[PDB]
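Asks: Listed below are the residues making up each chain.
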Amino acid sequence: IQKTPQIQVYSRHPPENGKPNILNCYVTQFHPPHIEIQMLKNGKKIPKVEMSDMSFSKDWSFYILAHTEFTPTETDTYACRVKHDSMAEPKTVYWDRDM
Amino acid sequence: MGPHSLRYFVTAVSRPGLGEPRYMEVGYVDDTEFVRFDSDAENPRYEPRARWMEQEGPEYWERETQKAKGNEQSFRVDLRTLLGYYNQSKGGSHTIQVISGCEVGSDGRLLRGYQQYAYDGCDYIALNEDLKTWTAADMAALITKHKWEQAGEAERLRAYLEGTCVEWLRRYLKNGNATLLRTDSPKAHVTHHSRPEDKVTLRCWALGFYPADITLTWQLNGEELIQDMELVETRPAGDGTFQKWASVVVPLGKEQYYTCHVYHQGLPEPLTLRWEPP
Amino acid sequence: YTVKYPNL
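Protein chains in written order, with our numbering: chain E, 1 to 99; chain W, 1 to 278; chain Y, 1 to 8.
Bound-form chain E, shown alone:
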């Protein structure tokens, strides 16, 4: 039986336009363990994105933190895209600086 990932997109620190920050993509609750995780600036794949090592929880599901450096602006859009066997098409979550 396969399990669908949940995703959160959010900064390490509270965003301030013009200030370097780290953007996180936190992916959890998924199974099987194989997963492809991209982050996008304004539609475009971000090249340097670091992945944590993969762990699983007591309920057997896997979780993993993807992240990248960024400097938030007022109008730049950021998202995280996850392709996973449990889902028909890739799943995308947009960053909301208020969340």
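Source of the hints: derived by calculation from the structure; they are not laboratory data.
Careful: at least some of the hints might be erroneous.
Said to hold, decoys possible - So, partial list: chain E residues that the calculated Cβ filter (under 10 Å) puts toward chain W:
| # | residue |
| --- | --- |
| 1 | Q2 |
| 2 | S52 |
| 3 | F62 |
| 4 | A79 |
To be verified - Dumping the calculated DSBU-like pairs for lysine-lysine here, alpha-carbon to alpha-carbon at most 30 Å:
| # | chain 1 | residue 1 | chain 2 | residue 2 |
| --- | --- | --- | --- | --- |
| 5 | W | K132 | Y | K4 |
| 6 | W | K254 | Y | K4 |
| 7 | W | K90 | E | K58 |
| 8 | E | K19 | E | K58 |
| 9 | E | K58 | E | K3 |
Backbone N, C-alpha and C fix where the C-beta goes; we use that ideal spot for every residue, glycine too.
Chains W and Y: place on chain E using the hints.
Replies: For chains W and Y alone, coordinates are given in the frame of chain E:
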């Protein structure tokens, strides 16, 4: 002091055609990774995941490494075995997981011993609380249940969980206790956001706290809201600390009626916060 | 430290 745990989480993943199964052992002391073995490398070895384990000598590492490589290849067979039990293709990717360990009380004594298996994300078999008998989760598992009985492994594993497991857990806490006990208190603040018509949103943030265990509430004049308070799951900052928020939709102009509470183990007392308009 | 796991 409270209780303590030593747990190992293990993952075996076949990827046929693409090479050998990816094997992974992660060890935790009190829900805190402290060792890892990752088969994806030219000379894989068991390795420290917390600096306090570097206190252990090359003898120890060698020995855990050799154990892990043994376990790896054994799980490789288990994968072929399981295809059999389940009448499955030799082409698909499959996953075996194991969680096993021991938790002890403040007195250093065994509170509980356990070991549970899962195939492709479903429960497979488990050593019952009585540390002597097995619960098979389906029919294929009954084959292992009977195999592990006809070989007395419910007694062999009973020695590990009560003996070496508990002992090493004591050796581990020994060197790691000062780091383990660490605590980072949450810093909290309330944000204000709009909403259609005469409603607004109040968001209580808690940042930079360790460990991740935390509780946030909202109060209308001293009384917790429950119903339609929104929140996100506790999530890592990426720097060792955690993050949570909780939010309420309140009436425009009635914001000073609302109070946010942050209960965390590092706090002298719960934080109490209000939306404050500068 | 780690245990050796039995075959399934």
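Asks: Could you work out which of the previously given hints the structure breaks and list their numbers from low to high?
Replies: Of the numbered hints, 4, 6 and 8 do not hold.
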